[PDB]
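Chemist: Given next are the chains, with one letter for each unit.
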Amino acid sequence: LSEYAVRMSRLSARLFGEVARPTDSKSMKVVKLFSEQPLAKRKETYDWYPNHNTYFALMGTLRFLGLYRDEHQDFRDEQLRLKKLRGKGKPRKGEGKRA
Amino acid sequence: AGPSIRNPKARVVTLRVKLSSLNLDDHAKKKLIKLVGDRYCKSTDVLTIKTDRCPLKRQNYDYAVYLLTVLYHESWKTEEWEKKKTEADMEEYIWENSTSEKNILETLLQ
Amino acid sequence: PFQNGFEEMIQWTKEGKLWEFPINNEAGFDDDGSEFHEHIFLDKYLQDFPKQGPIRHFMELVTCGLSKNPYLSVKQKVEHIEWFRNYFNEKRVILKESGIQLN
Amino acid sequence: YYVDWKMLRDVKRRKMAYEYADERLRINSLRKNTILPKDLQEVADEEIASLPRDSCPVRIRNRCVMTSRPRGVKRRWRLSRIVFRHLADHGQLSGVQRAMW
Amino acid sequence: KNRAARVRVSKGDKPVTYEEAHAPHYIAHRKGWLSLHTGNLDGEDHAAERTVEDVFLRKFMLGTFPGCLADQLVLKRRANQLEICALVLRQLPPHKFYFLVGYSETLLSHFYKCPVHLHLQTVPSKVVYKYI
Amino acid sequence: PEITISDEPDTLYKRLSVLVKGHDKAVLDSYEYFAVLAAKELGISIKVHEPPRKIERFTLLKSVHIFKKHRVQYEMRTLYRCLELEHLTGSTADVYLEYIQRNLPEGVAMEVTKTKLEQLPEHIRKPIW
RNA sequence: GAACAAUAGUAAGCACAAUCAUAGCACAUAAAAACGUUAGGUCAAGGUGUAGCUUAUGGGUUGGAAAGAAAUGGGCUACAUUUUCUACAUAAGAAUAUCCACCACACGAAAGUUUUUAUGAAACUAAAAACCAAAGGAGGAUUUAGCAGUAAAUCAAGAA
Ligand SMILES: [Mg+2]
Ligand SMILES: [Mg+2]
Ligand SMILES: [Mg+2]
Ligand SMILES: [Mg+2]
Ligand SMILES: [Mg+2]
Ligand SMILES: [Mg+2]
Ligand SMILES: [Mg+2]
Ligand SMILES: [Mg+2]
Ligand SMILES: [Mg+2]
Ligand SMILES: [Mg+2]
Ligand SMILES: [Mg+2]
Ligand SMILES: [Mg+2]
Ligand SMILES: [Mg+2]
Ligand SMILES: [Mg+2]
Ligand SMILES: [Mg+2]
Ligand SMILES: [Mg+2]
Ligand SMILES: [Mg+2]
Ligand SMILES: [Mg+2]
Ligand SMILES: [Mg+2]
Ligand SMILES: [Mg+2]
Ligand SMILES: [Mg+2]
Numbered sequence: 004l005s006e007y008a009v010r011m012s013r014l015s016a017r018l019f020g021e022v023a024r025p026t027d028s029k030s031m032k033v034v035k036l037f038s039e040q041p042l043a044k045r046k047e048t049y050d051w052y053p054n055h056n057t058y059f060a061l062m063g064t065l066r067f068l069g070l071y072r073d074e075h076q077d078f079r080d081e082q083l084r085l086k087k088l089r090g091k092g093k094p095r096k097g098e099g100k101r102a
Numbered sequence: 161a162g163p164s165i166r167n168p169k170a171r172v173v174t175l176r177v178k179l180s181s182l183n184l185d186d187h188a189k190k191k192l193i194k195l196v197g198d199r200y201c202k203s204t205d206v207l208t209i210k211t212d213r214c215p216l217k218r219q220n221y222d223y224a225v226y227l228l229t230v231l232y233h234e235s236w237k238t239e240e241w242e243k244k245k246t247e248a249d250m251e252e253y254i255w256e257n258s259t260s261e262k263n264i265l266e267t268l269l270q
Numbered sequence: 285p286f287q288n289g290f291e292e293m294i295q296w297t298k299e300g301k302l303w304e305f306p307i308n309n310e311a312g313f314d315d316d317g318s319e320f321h322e323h324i325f326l327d328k329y330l331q332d333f334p335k336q337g338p339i340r341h342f343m344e345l346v347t348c349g350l351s352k353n354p355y356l357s358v359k360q361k362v363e364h365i366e367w368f369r370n371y372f373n374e375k376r377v378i379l380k381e382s383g384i385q386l387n
Numbered sequence: 028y029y030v031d032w033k034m035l036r037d038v039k040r041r042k043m044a045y046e047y048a049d050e051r052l053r054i055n056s057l058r059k060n061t062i063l064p065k066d067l068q069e070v071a072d073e074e075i076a077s078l079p080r081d082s083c084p085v086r087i088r089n090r091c092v093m094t095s096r097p098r099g100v101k102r103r104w105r106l107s108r109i110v111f112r113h114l115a116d117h118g119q120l121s122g123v124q125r126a127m128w
Numbered sequence: 036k037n038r039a040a041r042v043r044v045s046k047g048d049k050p051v052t053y054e055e056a057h058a059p060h061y062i063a064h065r066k067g068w069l070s071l072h073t074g075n076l077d078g079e080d081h082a083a084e085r086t087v088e089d090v091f092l093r094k095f096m097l098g099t100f101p102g103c104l105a106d107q108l109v110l111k112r113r114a115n116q117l118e119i120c121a122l123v124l125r126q127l128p129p130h131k132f133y134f135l136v137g138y139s140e141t142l143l144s145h146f147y148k149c150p151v152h153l154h155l156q157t158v159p160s161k162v163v164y165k166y167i
Numbered sequence: 061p062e063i064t065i066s067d068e069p070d071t072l073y074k075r076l077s078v079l080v081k082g083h084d085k086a087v088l089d090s091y092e093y094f095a096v097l098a099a100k101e102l103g104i105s106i107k108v109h110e111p112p113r114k115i116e117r118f119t120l121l122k123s124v125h126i127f128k129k130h131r132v133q134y135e136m137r138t139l140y141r142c143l144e145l146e147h148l149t150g151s152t153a154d155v156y157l158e159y160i161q162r163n164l165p166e167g168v169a170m171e172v173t174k175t176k177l178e179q180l181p182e183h184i185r186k187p188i189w
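Chains as they are written, first to last, in the entry's author numbering: chain Ai, 4 to 102; chain Ak, 161 to 270; chain Ah, 285 to 387; chain AN, 28 to 128; chain AC, 36 to 167; chain AJ, 61 to 189.
Derived by calculation from the structure, the hints in this document are not laboratory data.
Hints should not be assumed to be uniformly reliable.
Derived DEER-like restraints, expressed as beta-carbon distance ranges [claimed, not checked]:
id : chain 1 : residue 1 : chain 2 : residue 2 : range
1  : AJ      : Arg185    : Ak      : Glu239    : 20 to 30 Å
2  : Ah      : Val362    : AJ      : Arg185    : 51 to 61 Å
3  : Ai      : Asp50     : Ah      : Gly300    : 39 to 49 Å
4  : AN      : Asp49     : Ak      : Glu234    : 52 to 62 Å
5  : Ak      : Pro168    : AJ      : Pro181    : 20 to 30 Å
Every residue, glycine too, gets a C-beta built ideally from N, C-alpha and C.
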C-alpha cells in the first residue's frame with residue numbers, strides 16, 4: 004500500500020461517481036439505502052392483491068344487468084329462499100337476542 | 161407477452177474498447193490501468209464499462225462514453241502525488257535505484 | 285369494416301393499442317426529457333450546506349445514493365435533498381448543541 | 028369484497044406502507060448513519076417511532092391472492108400450494124409439469 | 036390413491052373428453068397446456084398477473100356463456116394481445132353469439148387495458164375420447 | 061409502402077445475437093427454421109446454436125393437512141436457441157427483427173443483444189486536454 | 001363357471017403390464033398404481049349440506065403470551081489416535097488425560113457470561129470474537145436403516 008494507491012483510489016472514486024471520501028462500513032448502508040428502491044414501495048409488494056372489490060362488484064353488476072351468470076350466487080339465493088320459506092331466516096337487526 | 165412493455169434489464173449499457181486503439185501515452189496508458197482497474201482485462205486488452213444508474217438507455221450510453229472521455233482526459237494529467245510514486249507501486253521492476261543494484265555494487269566493491 | 289387481418293393489426297397499431305416493433309422496452313416513457321448529468325451530478329442542490337462539516341459526509345452519501353438510482357426521476361431526488369435542507373435548518377438548536385457549529 | 032378481513036387489514040397495510048414510505052426512507056437515512064450526531068438520531072428515533080406502525084414495511088404479510096392462506100405461499104405466483112397444485116394439474120398453469128428424473 | 040384432477044371409473048357409461056381423461060402426471064407427455072404465456076420461463080417476470088388474468092378469464096368465460104361451453108378454455112398470450120380460444124356447443128342462435136362476442140371482446144380489452152381477440156369454434160356435441 | 065432516405069450515416073452492427081427461450085423443443089425448432097429461412101432470403105449470413113437447457117424443480121406437500129412423508133414435485137424446463145448474425149446494418153436489423161418479432165410464439169420469449177460499431181467519440185479523438 | 005392330447009364360458013372398459021422422464025442405448029430410479037378397506041385425515045387451504053350467533057359466537061385498536069418438577073420421540077455434536085491443531089489439499093511440523101503444582105490442559109461448549117455486528121419503527125432473533133471449559137471414556141431391556149455409486153463420511157446450493 005502507498006499514498007499513490009490512496010490518491011489513485013480517490014481519483015477513481017470521485018471520477019466514476021462512487022463514494023469519494025473514506026467512510027465506515029456502517030454508514031455505507033445509507034448509500035445502499037438511496038441506491039435502491041425501498042421495499043414497501045415496490046410494485047411486486049403494494050400491487051400484491053388484485054382489487055377484489057373490482058371483480059366482485061363488476062361481475063355482480065354484469066349479472067343483474069343480465070350479461071354474466073353466477074351459479075354460485077344462484078345456489079346461495081335459492082338456498083336462503085328455502086331457508087326463509089322454512090321460517091329460519093336472518094333476523095332484522097336488533098330483534099333476535101332479547102325478544 | 162403481457163400488458164406491459166417495461167423491462168428492468170433493458171437499461172444496461174456496455175462499452176468494450178481495446179486500449180491498443182487509443183492514442184494513450186506510456187504514462188497515460190499505465191496510469192489508466194491503475195485508474196480503471198477491474199474493468200480492464202490484461203491478456204486481451206479489453207476495457208469494459210457497465211452503466212446502469214440512469215433510467216433511459218440513451219443516458220447509460222451517454223454516461224458510459226462520458227466515462228470514456230473523462231478517463232482519457234485525466235489519464236494525461238500528471239500531478240503532485242505521481243512524483244510521490246512508491247517503487248512498490250510499480251508494474252515493472254526498473255533496474256534503476258534497485259536493491260539488486262546495490263547488492264551488485266557491494267559485491268563488486270568486495 | 286376490415287378487409288384483412290393485416291388491416292386489423294394496422295389499425296390497432298395506428299390507434300396505439302397494438303405494440304411497437306422491433307420492440308424497445310422504453311417506448312412510451314420519455315423520462316421527463318432528462319439526461320445523465322442531470323441525474324449523476326447532484327452538486328446543484330449541494331450548493332446550500334455547510335462545506336467542511338459532517339453534514340457534507342451524510343449529504344455526499346445521500347447524493348452518491350441518488351446518483352446510482354434508476355428508480356427515481358430528477359423531481360423526487362430533488363424533493364429528497366430539499367426535504368433534507370428544510371429539516372436540517374428546521375432544527376437549529378440540535379446542530380449547535382451537539383458540539384459542532386452547523387449552518 | 029376481499030375474501031377475508033385478514034386480506035382487508037393487510038391490503039390497508041400495503042396502501043399505508045406505500046404512503047409513509049418516503050418518510051421511512053429519509054428518517055432511517057439519518058438514523059442508520061454513524062458520522063452524524065447521536066442527538067439527531069435520538070430525535071430521528073422518536074420520529075420514526077411516531078409514525079403509525081401500520082405503515083411500517085415488516086408488518087406486511089404475504090398471503091395467497093385468492094385463497095388468503097397466510098402460509099405455504101409460492102412467492103413467484105402468490106398462490107397457496109393447494110391452489111397452485113389445483114391450477115397446474117388441470118394444466119391451467121403454463122409450463123408447470125410433473126418432475127421425473 | 037392420487038385424487039388430483041381426475042375422473043373416476045364409473046359403471047363404464049360416463050362420457051369423457053380427451054382433456055379430463057388424462058391425469059396431471061401426463062402433462063407435457065400427452066396433455067398439452069391450457070394457458071400459454073412467457074411468465075414461467077427461466078429469466079422472466081409477472082407470471083402471477085398472467086395467472087390472476089387466467090383465473091378470472093375462466094370465471095368470466097364460464098359465466099358469460101351459460102350451458103354452451105363445451106371443453107376447457109384455451110388461453111393464448113402473444114405480443115401483449117390475448118387470443119382466447121373456446122370450443123363451444125351449439126345452443127343459442129347466431130345473434131346472441133355475435134352479441135356476446137363483441138360484448139366480451141370490448142369489455143375484456145377495456146378491463147385489461149389491452150387488445151383482446153376471441154375465437155369460437157362450435158361443436159355438435161361434447162367430444163368423447165373414452166367410454167360411451 | 062412509404063420509403064425515405066435521410067442523409068445520416070446508418071448504424072453498423074458487428075454481432076446481432078438473438079436468444080429464443082422456450083418450454084417446448086418443437087416450437088423453437090420450427091422458429092429456428094423460420095429465422096434461418098428468413099435471414100437467408102435477405103442474405104444476412106447467420107449461424108444458430110443450442111445453449112444447454114436449464115431445469116428448475118421445486119416441491120410442494122402432497123396433502124391439504126398433514127402428511128410430510130409425501131411430496132409432489134413440479135418442474136419447469138427452459139430450452140434455448142441462439143441466432144448469431146454477423147456484419148449487418150441498422151435498417152437490415154430493424155426489418156429482420158421486426159419480421160422475426162411480430163410472429164413470435166406465445167410460449168416463447170426473446171432477448172436480443174446488439175454489439176454496435178462506433179469509431180471513436182469527439183473529445184477523445186486526438187486532443188490532449 | 002378352469003383344465004391346452006382342454007371338461008362352458010365369450011367380453012370391449014379400467015388397473016398392472018407396454019410406452020414416456022432421467023437428453024442415445026440397456027438397466028436402475030422416478031413416475032404410474034384401478035376397485036374397494038380403515039365412518040382413517042382435514043369444516044383453520046378454500047367451497048358448501050344441516051343446525052346455530054346478528055348493539056354479537058361480528059368488526060377494529062392496544063398490551064399480553066409461548067413458564068419447566070419432569071416424561072419421552074427425532075436429530076446434531078461428541079466421548080478422542082482412522083484422533084486434535086496450523087499450513088495445506090491428499091509425503092509435512094506440533095499437540096497427545098497424567099506427569100505433578102502444571103503459570104493446568106489433550107479431546108469435548110453446539111450450553112452459559114461479556115462485547116460487538118446483521119435486520120428491524122421495536123431485539124426477545126441470527127451471526128462472530130473472547131472467556132469458560134462441564135457432563136461424556138462407545139452406553140440396560142430393546143431396536144432403526146441399508147444389496148452399489150447404496151450405506152457411511154465430507155461439501156455446497158435452493159425454497160420460504
Ligand atoms: Mg413478516
Ligand atoms: Mg402413495
Ligand atoms: Mg427415453
Ligand atoms: Mg424399466
Ligand atoms: Mg412410485
Ligand atoms: Mg405403468
Ligand atoms: Mg401397480
Ligand atoms: Mg373419525
Ligand atoms: Mg368452511
Ligand atoms: Mg354454509
Ligand atoms: Mg371479535
Ligand atoms: Mg394484539
Ligand atoms: Mg432419557
Ligand atoms: Mg450426519
Ligand atoms: Mg453423528
Ligand atoms: Mg505429520
Ligand atoms: Mg458458547
Ligand atoms: Mg479443557
Ligand atoms: Mg472426566
Ligand atoms: Mg429385533
Ligand atoms: Mg447417506
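Chemist: Each of the hints needs a verdict: does it hold here or not?
Modeler: Hints, verified against the model:
1. Against the hinted window of 20 to 30 Å, the Cβ-Cβ separation of AJ:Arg185 and Ak:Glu239 comes to about 24 Å, which satisfies the hint.
2. Checking the proposed 51 to 61 Å range against Ah:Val362 and AJ:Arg185 shows it is violated: the Cβ atoms sit about 35 Å from each other.
3. Ai:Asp50 and Ah:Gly300 have their C-beta atoms about 24 Å apart, which leaves the hinted 39 to 49 Å range violated.
4. Range check, AN:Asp49 to Ak:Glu234: Cβ separation about 37 Å, and the 52 to 62 Å hint is violated.
5. Between Ak:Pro168 and AJ:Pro181 the Cβ separation comes to about 27 Å, which falls inside the hinted range of 20 to 30 Å.
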